[PDB]
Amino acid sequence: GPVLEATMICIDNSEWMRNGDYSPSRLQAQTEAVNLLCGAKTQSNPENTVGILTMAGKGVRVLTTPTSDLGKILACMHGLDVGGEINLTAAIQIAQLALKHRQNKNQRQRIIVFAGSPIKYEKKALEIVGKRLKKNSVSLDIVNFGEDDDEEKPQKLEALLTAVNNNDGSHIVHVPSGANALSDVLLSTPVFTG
């Protein structure tokens, strides 16, 4: 609420966001959830800032560094490309760098990862990344959505969560496939409520 926070949101624009769950496209459902999340964060505290990057496509792309201007955030999400596979480690490191350079250093630091596709990393690689976030005072929220048939994916995401978690400041939200709307499942969770 009165919390002051800079957040970087990492969007999954991989090839897995093209096929399957129609109405809406999985990328569009994701974009709408980010829209609502940025509205919640900017209304919670007018000094909060939110930035956006995409993890897949032709390579990790920073659409905006964190800003308090909802219009800049929403405009930057127009015309997203789809393809490839997520580069999770590079995305998290670029996101961490953007948060390190936040103008208001009094802001807490948080990364939100939308994980809607396979996690092609081993736990060991994910735990190094997680411990480094923790060392740098960065909290993590993970949204695990999409296909629910790869049983190592939640275990890999749980290992990343456990490496970063400090004072239960980090969270995972499992969105069961065949869901209502990505945003509806997220609304009552710590990703929105803090």
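Numbering follows the first chain given and starts at 1. Here, rigid core means the biggest group of C-alpha atoms that superpose within 1.5 Å across both forms. First, how it differs from the form deposited in another entry.
- Relative to the superposed rigid core, the position of the CA of residue 173 differs between these two forms by less than 2 Å.
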The other form holds:
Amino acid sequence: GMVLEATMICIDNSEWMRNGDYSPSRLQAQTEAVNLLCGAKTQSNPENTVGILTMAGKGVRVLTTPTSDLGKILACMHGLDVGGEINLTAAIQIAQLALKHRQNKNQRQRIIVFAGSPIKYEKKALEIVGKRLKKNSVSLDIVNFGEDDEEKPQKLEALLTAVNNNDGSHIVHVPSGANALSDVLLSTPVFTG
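The block above covers the form deposited in one PDB entry; next, return the form deposited in another entry.
Shown next is a single chain and nothing more.
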């Protein structure tokens, strides 16, 4: 129990995710992290709800609106399609609408964004969407991974400064190396609170 929240996880299924610099692929390393996060969020509180959305491929696609049915959630993660480039602002708009319509309005709202690809948007553009989320009581967690987009951490951290309220929103930067992506995230507030 304790924290009661509805989360929308936005996963990166862009063409950049075929890369094996995260072994065996960025896609597989994300999948394991997302799977672990769904189990941790559902087992934290039986009234938590988790939904899943893809950001690229052939368009932003909701795989499930937020639910407490862990089997239904995990079933979405088999047979992912891969291609294109992420649509970060659209995916955020869609996830927030899903969160707004949650049946149990007692739940806090949280979007987790897996940013595995370059971010094409502008820093000012990202600040406004951050301010909008904050006004609507929506927290954000950002997982920055992938490989040469130098302004990417700056843009993502500007998003974070704009959305953050009472330490509810976080960013994690994790390059590839000896630890799998999921293992780095297990220590961070993405998993701990």
